[PDB]
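Just the one chain here, the form deposited without the DNA, laid out as structure tokens.
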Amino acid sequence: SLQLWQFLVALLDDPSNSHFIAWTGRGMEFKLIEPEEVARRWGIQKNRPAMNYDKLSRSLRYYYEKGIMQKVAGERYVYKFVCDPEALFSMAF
């Protein structure tokens, strides 16, 4: 049972997925190029066929509160993993 952040890291590690999700090249920044495709694959992963970006974005919002991620200012689908002791702790536990 993967957490959504783990699942995104696994998709980001394969450049074959770069058409729907990719590291932008700027540090730990990544873009949901096809956000509905990212949702569909998350749906397959968790056996939730009714998964959509609306549900996926609520999960990405929870990740700001934990300090794991931040939404890049001025962007609809660009986020970054945070590299600080708080993010590390939330990812470790």
Second form
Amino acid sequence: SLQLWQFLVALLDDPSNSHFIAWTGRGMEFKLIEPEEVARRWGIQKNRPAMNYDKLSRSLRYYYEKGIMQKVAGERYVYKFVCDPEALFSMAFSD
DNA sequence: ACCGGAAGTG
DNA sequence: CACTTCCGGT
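Next up, the form solved in complex with the DNA, please; the one we just looked at was the form deposited without the DNA.
Let's see the whole complex now, leading with the same chain.
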């Protein structure tokens, strides 16, 4: 019963996943080094074996409207977590 | 690579 | 709600 942003926060945390997903170090900026593996892993997690990066990125793109995160434009596969009071309350509650 | 729209699924 | 699917479009 995991949300995508929560699933990524978990993978991102340990450096055992440094080869496919990691923090840029420029704040909450994070890049999906190997997007199809991040996609593969999200798929096994939700038992959606059809998961690829085009589907996973739509769900990340839905996070733009939620205020939780936004694209780090100009840097391929790099996204960032929005650090504002609206996003803190969006992440400290679910339906 | 990256962006929605729109329908559909738990 | 929170995605998933699956396009069309730039």
